[PDB]
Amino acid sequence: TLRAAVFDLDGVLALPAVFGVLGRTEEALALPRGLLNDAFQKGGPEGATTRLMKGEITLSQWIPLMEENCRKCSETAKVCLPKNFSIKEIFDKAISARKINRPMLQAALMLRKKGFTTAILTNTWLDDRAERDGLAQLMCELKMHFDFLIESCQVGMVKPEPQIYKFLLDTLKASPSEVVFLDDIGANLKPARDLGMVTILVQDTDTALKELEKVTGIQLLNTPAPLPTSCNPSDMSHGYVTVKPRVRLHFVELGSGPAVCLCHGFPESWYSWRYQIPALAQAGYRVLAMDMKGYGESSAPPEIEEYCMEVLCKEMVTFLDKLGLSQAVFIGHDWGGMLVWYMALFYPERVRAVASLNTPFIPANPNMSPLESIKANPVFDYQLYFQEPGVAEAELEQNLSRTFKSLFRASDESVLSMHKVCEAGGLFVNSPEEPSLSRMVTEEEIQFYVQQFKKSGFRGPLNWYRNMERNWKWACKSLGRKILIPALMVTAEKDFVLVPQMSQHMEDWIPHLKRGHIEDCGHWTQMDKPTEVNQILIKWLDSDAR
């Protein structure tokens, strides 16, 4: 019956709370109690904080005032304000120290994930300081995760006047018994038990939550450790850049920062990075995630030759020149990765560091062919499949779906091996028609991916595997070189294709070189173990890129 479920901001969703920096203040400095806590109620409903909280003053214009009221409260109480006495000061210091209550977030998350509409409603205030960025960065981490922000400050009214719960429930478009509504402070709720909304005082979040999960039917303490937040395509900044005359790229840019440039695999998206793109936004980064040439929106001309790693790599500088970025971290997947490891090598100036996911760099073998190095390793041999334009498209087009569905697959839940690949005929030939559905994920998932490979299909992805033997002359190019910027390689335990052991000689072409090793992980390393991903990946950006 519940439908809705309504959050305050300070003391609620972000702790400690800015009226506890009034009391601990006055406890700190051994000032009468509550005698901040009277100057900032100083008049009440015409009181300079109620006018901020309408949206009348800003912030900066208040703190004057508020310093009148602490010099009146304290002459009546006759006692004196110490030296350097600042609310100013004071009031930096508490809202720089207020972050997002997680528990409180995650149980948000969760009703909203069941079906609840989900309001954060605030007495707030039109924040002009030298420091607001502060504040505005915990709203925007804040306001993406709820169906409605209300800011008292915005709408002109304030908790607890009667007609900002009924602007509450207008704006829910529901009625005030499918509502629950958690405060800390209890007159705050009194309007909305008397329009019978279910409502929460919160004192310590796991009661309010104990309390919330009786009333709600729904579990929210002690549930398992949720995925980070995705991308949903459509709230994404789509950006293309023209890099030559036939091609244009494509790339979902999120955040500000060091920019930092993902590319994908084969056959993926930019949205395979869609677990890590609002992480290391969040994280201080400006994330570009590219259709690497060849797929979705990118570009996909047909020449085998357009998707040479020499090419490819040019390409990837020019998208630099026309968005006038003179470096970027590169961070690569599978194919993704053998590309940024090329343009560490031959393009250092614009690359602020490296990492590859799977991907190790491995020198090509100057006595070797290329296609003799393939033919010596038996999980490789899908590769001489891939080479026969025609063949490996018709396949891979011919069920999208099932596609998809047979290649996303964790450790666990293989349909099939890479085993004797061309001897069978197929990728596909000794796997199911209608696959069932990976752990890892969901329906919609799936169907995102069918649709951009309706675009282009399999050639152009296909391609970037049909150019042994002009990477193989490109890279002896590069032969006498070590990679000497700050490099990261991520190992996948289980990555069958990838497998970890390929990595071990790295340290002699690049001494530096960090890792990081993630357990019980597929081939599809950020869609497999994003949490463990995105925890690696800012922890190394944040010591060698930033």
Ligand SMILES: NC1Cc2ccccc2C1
The other form holds:
Protein chains: 2
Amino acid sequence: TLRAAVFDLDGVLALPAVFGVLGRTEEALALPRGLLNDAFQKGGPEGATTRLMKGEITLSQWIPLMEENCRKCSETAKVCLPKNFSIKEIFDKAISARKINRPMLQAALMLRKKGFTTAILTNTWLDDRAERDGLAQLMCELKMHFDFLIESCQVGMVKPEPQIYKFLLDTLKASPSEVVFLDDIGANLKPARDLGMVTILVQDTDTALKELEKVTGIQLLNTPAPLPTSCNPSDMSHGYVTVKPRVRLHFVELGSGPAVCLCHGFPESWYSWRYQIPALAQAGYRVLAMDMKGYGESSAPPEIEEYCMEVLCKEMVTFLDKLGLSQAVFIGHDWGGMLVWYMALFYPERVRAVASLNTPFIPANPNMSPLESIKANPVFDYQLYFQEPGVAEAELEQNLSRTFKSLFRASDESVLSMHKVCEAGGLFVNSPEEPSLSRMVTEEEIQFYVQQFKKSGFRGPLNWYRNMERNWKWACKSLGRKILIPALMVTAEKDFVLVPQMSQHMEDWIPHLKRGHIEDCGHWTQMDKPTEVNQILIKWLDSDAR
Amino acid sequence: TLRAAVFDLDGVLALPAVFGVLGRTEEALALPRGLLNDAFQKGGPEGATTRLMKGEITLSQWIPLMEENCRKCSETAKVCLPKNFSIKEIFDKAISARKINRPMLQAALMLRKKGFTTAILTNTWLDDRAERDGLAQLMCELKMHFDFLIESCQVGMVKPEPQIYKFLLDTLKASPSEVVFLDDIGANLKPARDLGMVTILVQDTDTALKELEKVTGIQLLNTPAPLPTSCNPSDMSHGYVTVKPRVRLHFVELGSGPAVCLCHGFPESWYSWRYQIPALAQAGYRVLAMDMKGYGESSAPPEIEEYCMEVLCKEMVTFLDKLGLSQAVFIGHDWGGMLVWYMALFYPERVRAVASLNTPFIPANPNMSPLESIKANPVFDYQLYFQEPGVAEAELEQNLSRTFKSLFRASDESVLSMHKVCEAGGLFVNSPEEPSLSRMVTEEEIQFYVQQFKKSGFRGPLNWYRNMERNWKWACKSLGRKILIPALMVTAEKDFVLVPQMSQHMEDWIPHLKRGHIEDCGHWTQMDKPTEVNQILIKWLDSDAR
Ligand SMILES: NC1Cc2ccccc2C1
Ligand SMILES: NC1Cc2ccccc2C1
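What would the structure be for the form solved in complex with the ligand, given that what you showed me was the form solved without the ligand?
Full complex below, order starting with the chain above.
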């Protein structure tokens, strides 16, 4: 009965195998078959390659030792190497060409999700090349998905030596019979087999996965498209910035590169961006996912005036000042989308680029009171119910689990009406006391929002809706301006409050506006269609932000 | 009696004035005197320039309006503009050429240090140019040094209008007589003078500073070289990463760009880097100043084994993994310097570059026990006193203020002997109960270290010295390796424990080693000679790390 899956890196989790390159170089350079291959394995266990794999020497120290072996292999071969020969250049591009074998990674991910203990067992080196970051990035990406990474150069043991297998079994705390081991090199499979471990010779991925699926009884081949990597809150870097004596802002941070500031809506969390954070960090960005003022670990003062847009924007500017950031890309959703257009309008120097999900940019009407403007739309009637302090708080704070389960639902799952909510006397009047769990969220994810909202409740979050008149007056100062920095508007087909049609006149204010559109997507864009959101944002960031 | 100083940006805090460029362009392009100057001020209070300065329009919207004014000014002038004319290009380079007037900033800094309320009052615009980051960086740098920044485009008022002066006085909470106002434009000084404010017409900096010094009675001209900008702990972004169930690491973060990880020694803090953090962030780096395991807000487990170098290095690798950093530059001092060479030796793929202050890289002696190696040097006798658990803790924890005041001293201020400390029965045996305050630290800075050390005491910090045998065995695995990634060794002339001579054979292990040397510098390099440390690190980072 299996409970652990072990994978090799070269030829299994990463393709093409760096090993394959030596045979490819020989035939491309019309050299005798296996010559470069011989130089690589010369001296066997006391040879330069074994010393490299054991961590006795670095890759840079090894390069001249392999080069010498190439000369010695030619003396015996009675053939000559051509002029511009560089072992460094061959390995540099071999390593650079090697990419993650995505279907093998997905299978490993699927096995772990079903309760397996996963590990990478690899014969590798200490890379001190000027170009080492490429592989550091690859190892960094792959390792986060496994319980253990066992590298020969760190443990001082190599495959096929039997001690590394006993080391692996001890690390796994599993009997050989409980372990499936996958490798592309027959010689390295043999010692695992002798212990009674299930082994898979990996030639082509599909056959290897077919063998893996047969032997584990779990579906890995032809499975539905997986969700992007999500965030485990306790594994994140948590940051805290005091923006003013009584206001502290909390954020989660991941990656290196240009600063990307994520701004959630109502009633959300930094966690609402869980599917974007790893994807954007992997795409070459430094993600700062905020807990907006009034939410989670951020300060939640009681006063309504603490939540007017001008104050919220000034605080986000102070946040950049204190982190030493001259700019950041601002990406918002719902209330965050509103703040984000206003950041672009009042602080264009601090905004590298601006993107919004669902929230359009609609310029304030100088001739219509914000309350009259709410009158113009039946969808925005819930905003009038939010005006009276205490009313909405009482209903939303009464049962937290019910609140989030009722709100966080895909377009076709809605148990709630946004109409005559004031007439009905609440947004949970027509709703069950025990809502069913939406296909968008696990029970664990709902419970995270519940624990977050237990600290400050809905007062601070509801206060964002309580400054309509102040926001309107402030916005009227920008009526002569245009947004001329890079901008993206992402519309969601099934958002029945923030409808795509509301964005139609945006090009009059943002002439160079870029667009994105998501079909079959409700209000909760980030969790509804994460794969699509990531694809649109990454593509726009690489073209307009970078 | 003065208590506030107000400065203009253009022509006062930033030079050359963007205004100066329009007269320079005219004579370089042989255009009629004042023509470009006329186009800039056209329509006066209802003109495009006033609308720009009030925040009614952005800089990008303004560019075509100024261009039109240049054509209208030519119709009347009866002269023609030449082919390749761009107002954008003229302003782009004018803004780009404009740099901080360092002596004016130092005077403002000196006035604030003496208790003055400082502010910047400027007529500026909303910059939405593709090149806006340049000015964002300049504003970001300047603003942190003042109590207030009042920008015309944010307040919707402009100089010379009287309302901005009443707005300034109200912001300052000061009577005009208590305020000195400096400006390069006579027309903008006049309304401040009418209120009874002390005014300075700024032509050349020296005369303006001469007038300022005379009127305030504080020395600003010919003053000794100021210390670099330090850190106010409550104004920093504080980060927390869980590296393992019982271990959390704390760090302070500032800036954007390549990751620079700062590793303090014994018995220090992230705060030991207070003079480097703002300087390195300003130089284009993302600074991560650590609280090493056992210190400040970082976890301090009691077990000795939790502090062996292998465990400490693995945790720093996990720290990078959790922040999503494939690499960082590692800069260490004392015990941090030791960890930093070991990070380079065991994880070269994760280390972009390595630098050490005072701490040399000395390879473990396979033939000598670490205790015998300590025997070989009288300077390292204090390490034997640190071996017995409880002894050093009791002496160091007895009086915290005495501990730091006695330890943190410049080369010629020492009140302590590092010899026969075990024979004497402590390192505070020959020391006063009330040590004098060293010229290196303020009373406030000592009190910061006192409050930090009150949380966990000296057990965790002393445990770094308690794994000599484990460290020696681990280090022996690297005896065949060389450090071939970019490296910097900075020696301190007056460090009587970590003497420069100890670094002499480092080139045998690190052939491409770069060096730095600081004269008249004790053990506490960072606070002893901050200006020099910053200069050496910035120069090396720009050449080898970037
Ligand atoms: N349209 C008004 C409503 C609102 C909310 C936030 C910021 C500006 C404005 C203007
Ligand atoms: N020289 C030994 C003392 C020490 C301290 C830390 C890491 C390695 C070693 C080797």
